[PDB]
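One chain is shown next in structure tokens, namely the form solved without shikimate-3-phosphate (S3P).
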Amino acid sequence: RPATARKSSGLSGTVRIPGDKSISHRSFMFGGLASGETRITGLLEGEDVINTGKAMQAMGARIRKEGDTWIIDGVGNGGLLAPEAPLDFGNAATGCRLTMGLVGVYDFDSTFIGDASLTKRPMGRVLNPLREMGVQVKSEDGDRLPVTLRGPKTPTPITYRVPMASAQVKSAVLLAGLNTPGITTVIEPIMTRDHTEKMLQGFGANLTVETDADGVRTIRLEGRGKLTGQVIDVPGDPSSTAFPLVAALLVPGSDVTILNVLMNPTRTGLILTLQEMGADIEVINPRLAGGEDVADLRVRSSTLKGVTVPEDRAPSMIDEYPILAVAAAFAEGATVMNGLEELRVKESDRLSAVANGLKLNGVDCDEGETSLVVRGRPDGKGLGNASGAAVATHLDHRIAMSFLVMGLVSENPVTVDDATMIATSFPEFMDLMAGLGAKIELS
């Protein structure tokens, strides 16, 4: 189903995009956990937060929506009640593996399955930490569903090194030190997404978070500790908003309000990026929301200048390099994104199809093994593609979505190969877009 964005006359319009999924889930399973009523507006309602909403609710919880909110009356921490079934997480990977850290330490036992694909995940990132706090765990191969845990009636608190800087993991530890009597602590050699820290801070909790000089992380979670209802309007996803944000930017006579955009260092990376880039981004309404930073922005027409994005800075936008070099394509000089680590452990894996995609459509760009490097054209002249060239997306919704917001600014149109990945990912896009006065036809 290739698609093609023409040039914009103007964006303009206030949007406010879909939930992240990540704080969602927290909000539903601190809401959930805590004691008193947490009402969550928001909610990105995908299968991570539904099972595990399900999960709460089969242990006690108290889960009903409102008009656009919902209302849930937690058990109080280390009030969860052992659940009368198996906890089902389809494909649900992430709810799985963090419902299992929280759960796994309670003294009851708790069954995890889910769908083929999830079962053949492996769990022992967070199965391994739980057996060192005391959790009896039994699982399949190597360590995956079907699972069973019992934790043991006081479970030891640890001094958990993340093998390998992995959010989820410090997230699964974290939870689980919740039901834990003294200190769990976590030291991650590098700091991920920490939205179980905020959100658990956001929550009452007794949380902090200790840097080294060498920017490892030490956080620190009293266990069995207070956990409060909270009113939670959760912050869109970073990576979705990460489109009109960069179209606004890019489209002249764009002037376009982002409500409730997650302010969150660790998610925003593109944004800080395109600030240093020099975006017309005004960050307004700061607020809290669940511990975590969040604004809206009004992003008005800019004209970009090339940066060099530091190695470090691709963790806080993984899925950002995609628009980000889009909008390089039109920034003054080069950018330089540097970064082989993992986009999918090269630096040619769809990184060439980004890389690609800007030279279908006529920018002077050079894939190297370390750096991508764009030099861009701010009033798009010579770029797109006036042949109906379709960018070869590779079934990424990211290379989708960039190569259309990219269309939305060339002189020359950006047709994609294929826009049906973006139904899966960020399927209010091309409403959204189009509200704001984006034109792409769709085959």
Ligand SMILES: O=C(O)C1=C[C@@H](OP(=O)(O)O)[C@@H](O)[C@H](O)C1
Given for the second form:
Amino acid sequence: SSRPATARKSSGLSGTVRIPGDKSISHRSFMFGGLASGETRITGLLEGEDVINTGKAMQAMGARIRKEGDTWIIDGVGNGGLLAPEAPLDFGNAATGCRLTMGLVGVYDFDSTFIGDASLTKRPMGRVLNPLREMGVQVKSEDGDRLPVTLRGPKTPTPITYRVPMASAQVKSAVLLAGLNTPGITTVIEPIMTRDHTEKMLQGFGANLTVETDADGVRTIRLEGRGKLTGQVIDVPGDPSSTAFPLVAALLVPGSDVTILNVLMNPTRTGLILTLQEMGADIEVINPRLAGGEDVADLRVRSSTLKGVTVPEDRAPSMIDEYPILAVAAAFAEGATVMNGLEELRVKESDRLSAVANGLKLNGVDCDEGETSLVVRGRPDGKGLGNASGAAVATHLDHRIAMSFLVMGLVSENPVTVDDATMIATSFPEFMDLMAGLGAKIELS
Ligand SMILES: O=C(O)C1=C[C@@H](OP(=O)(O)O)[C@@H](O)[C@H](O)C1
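To complete the pair, please output the form solved in complex with shikimate-3-phosphate (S3P); the form solved without shikimate-3-phosphate (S3P) was given just before.
Okay, now the whole complex, with that chain kicking things off.
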């Protein structure tokens, strides 16, 4: 069921720790490794529940996946070699696995059914199902294009040129993956850049995929379908979204000095760091280097005094999953922090804009929730913040709401309680141990 947890005011956080692997790249490592010809070897894989579910779905379609020592080894089926699954593919809490797999297997001439948990089942799939319908896929979904969904691909899919209407890397990714089993050229036009793990990894696996960027920033991504993919050696970098939690905690808890190692620094993932630096954060980027084909660095974070800033709508895609923890940082900053262009937060694991605003208010923070924006006014000394009565923040099955508010409790005058910590393991099973090791006081009921 649910397992509440309470975070208490802590003394300085201190230590050096390696952050778990990147979730986005980990999902794709299992997917591309399972699809490619031959063997793929992965080190640094995130072993959270979301990623394990993607792995099980790939096994259900013929990939052999196993862990030898600290390396995941995958024997792929080759492009065009996916086998019809016997039962529904259960993605649990993971929209990434679900949406990308819809594109990947929806274009195959067999039935595939997709199911998930109470959170995933409420999220919109129309954004990926519409382009698939244009490609010839037959779709059976629940009202509003929600799970459960059953797809059946045509004998020969139709390649399309699709302009993504919202800044979603998952929609871009689903169309490109569908293009892998479609004859001809599939083109995705992305007006605003989103995380590019699919493009970079498919090129690494040998796909004839090109990316052209116009001077105005619009990206035209072309993929030639039904081409060979070759197994690769993958070294997964640390998750910058998971890094955000100990990083913001170190900035807010006085007397802190925390170094996080091997953090992915791809600019489509670092909007929070840029934003915190503008607010006055002391974050040092150490030994920037190339590892596994990606930019990584170690980050040394020290306690800082923060000031509110205006966060523009165009930075949102580069930090979309970090708005919950940014809002918590803003609760302790001098002045107002204003964030717009947040419509996408309403369709995540939880409606994050509503969950964050309600959680902040429950914990004494002055904030204003707009249809697509949030304004937060802070109290630097944390006085009056938190909830002395022990009232619990509603997490709405969202791991990031649970983690963000637990970070808040390490700083607020009064403890912060979340109604459930059980979903944290979907993306960061190491969270409790990692934070405790740094000195955080978090009591699990
Ligand atoms: O492709 C990916 O790995 C992801 C893209 C984002 O979703 P959207 O495409 O809906 O923005 C992000 O919020 C999600 O956690 C993972």
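Numbering follows the first chain given and starts at 1.
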- Query: Of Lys170, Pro235, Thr257, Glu367, which marks the hinge as one rigid part swings against the other between these two forms?
  - Reply: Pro235
